[PDB]
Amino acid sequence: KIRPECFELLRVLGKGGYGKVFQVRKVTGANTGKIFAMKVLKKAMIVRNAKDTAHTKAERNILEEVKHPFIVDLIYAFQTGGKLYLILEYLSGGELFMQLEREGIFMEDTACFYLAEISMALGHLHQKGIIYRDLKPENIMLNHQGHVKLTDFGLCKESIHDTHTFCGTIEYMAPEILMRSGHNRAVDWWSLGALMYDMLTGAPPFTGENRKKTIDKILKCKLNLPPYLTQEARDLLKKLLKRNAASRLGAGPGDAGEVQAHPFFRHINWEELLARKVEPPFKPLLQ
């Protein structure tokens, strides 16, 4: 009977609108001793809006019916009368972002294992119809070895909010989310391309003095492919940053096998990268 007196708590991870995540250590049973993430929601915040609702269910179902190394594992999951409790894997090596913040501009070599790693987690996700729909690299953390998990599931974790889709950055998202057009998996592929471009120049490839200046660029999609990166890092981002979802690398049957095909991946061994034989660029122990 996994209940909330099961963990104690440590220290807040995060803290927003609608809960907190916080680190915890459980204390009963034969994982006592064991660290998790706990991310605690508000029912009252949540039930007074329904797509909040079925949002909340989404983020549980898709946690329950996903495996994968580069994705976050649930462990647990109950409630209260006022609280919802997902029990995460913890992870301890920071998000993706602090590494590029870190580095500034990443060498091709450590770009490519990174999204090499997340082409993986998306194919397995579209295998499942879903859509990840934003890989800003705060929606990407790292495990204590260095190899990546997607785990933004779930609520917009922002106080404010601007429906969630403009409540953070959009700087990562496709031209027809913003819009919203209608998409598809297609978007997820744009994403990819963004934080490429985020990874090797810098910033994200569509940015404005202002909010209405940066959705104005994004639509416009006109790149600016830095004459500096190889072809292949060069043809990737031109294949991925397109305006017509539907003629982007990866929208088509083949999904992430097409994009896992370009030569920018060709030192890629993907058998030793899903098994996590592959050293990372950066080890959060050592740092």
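Numbering follows the first chain given and starts at 1. Think of the rigid core as the biggest set of C-alphas that the two forms share within 1.5 Å after superposition. Compared with the form deposited in another entry:
- No residue of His147, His183, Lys217, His126 other than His183 has its CA displaced by 2 Å or more between these two forms when the core is superposed.
- If you fit the rigid core between these two forms, you'll see the Cα of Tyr18 move by 2 angstroms or more.
- With the core held fixed, the Cα of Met173 is displaced between these two forms by 2 Å or more.
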Contents of the next structure:
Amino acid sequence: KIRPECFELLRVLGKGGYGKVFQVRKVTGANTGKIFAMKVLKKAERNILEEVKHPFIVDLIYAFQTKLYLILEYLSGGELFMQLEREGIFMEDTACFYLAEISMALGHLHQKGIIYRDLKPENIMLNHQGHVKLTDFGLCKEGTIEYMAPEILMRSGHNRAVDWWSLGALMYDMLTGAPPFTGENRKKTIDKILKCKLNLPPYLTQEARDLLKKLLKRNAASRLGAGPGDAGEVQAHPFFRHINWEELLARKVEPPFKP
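Same protein, the form deposited in another entry this time rather than the form deposited in one PDB entry?
Coming up is the bare chain, nothing alongside it.
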């Protein structure tokens, strides 16, 4: 009832790992004239996206094969950090808004049993009105013990905590203009991530600095958000004290930038 020829290619939005994503116009049906995105590929993205339904996650509309086509809503707001590029750095209020929306989306995903694992600033799209939209999938997952390493007993690298670190790295980038650990090189970079000490600029509020320290904690078990409260642990932090979560979820909070 639906096929590749039901859509008109308008342009490539990008070529992410795996397949391409085109802007398309739907040429038949009742939604004729309507603009979507269409991802093309030669736990899986379709399943996850079928499942999840959040104000702050890109919606799925159609899916079908040849090889695989996913029709998603088209996001006009573009990349969030292209906004950071221009501002150089966000202020705590502005950063707070986006981090909060992103926190709700992660929290939802986590409840749905899914972790991002590789949430980066490219993944943060904005919709026509400037609200967050979480977007790419594919790199995403899900006797005695007295002598067993902690990382095993908690499924390190494989639990919700990995995403709260990322939210942390991303807060850091928003507030300072750069990620927390970076080197001249890829190796020198991962090595700073693994072992290096966090350096916070002195001009951060105490609330922001405290949150950053709790999110960017190497001990995954003690990291804010790692507990069963998940996003709740994070949203309760004083940094987010001026957030009305019901209004935020209603997208009735005004985004600080309107594309």
